[PDB]
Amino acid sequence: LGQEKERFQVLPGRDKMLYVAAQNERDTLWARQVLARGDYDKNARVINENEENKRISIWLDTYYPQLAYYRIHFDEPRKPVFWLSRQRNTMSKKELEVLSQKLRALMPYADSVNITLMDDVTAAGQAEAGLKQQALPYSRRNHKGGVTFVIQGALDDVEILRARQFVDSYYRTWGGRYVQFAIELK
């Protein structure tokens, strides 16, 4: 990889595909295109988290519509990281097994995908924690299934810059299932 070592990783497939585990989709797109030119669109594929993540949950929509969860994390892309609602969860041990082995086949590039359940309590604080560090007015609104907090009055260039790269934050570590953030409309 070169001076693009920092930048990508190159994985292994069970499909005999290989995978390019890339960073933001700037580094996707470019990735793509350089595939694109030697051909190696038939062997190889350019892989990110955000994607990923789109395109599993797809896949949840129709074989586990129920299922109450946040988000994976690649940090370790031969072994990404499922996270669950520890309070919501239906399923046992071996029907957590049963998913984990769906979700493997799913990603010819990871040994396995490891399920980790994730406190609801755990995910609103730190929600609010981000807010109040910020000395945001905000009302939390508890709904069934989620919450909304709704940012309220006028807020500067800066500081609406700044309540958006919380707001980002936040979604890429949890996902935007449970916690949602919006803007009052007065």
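Positions refer to the first chain, counted from 1. Here, rigid core means the biggest group of C-alpha atoms that superpose within 1.5 Å across both forms. Compared with the form deposited in another entry:
After superposition on the rigid core, the C-alpha displacement between the two forms reaches 2 Å or more for just one residue among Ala129, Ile58, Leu29, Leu161, namely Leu161.
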Second form
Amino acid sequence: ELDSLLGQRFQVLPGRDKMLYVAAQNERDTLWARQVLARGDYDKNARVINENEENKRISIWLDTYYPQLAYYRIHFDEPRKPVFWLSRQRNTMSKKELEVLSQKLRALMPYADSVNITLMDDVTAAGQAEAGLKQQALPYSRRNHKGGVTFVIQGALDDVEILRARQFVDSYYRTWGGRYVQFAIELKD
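Form deposited in another entry structure, per the form deposited in one PDB entry context:
Excluded here are partners and other molecules; the one chain stands alone.
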């Protein structure tokens, strides 16, 4: 526990399933801690997690049990108290349903004391997309789709402009996830 700590930018967290959960900040560290733990006696006492993998794991569960849920992403700034961003506008759940959801999520994350559900404003999510693209003089057309919006970047983009556009998009999805606003580049000329 403190034992695992000494083994190693990480937070080691006790789980209700008697597992030890090592929270890492990114991919490189996740693989490193896995390499390290596998070489010794904790090799099956610990599991290394990070925000990208845990979002993927919870999204698969929700795909079946809450298949129409309008959500963004779960954030792990404090890994003992993950915060699940849901859409305020597109939420269809009563207060009691959201409480049930929080409890199921907590059961799915044995290292978490609680899972707070925060209702986020779609106007903010789309407004950060709009602002980021404008910040790069990227013309775009916003095109609504079923339960989403696509910002379609448009123009005869060169090498660097495409990379800058895609780097912005990746940074956008790290915050909001890719389930509401999505992006595309239409190449012209």
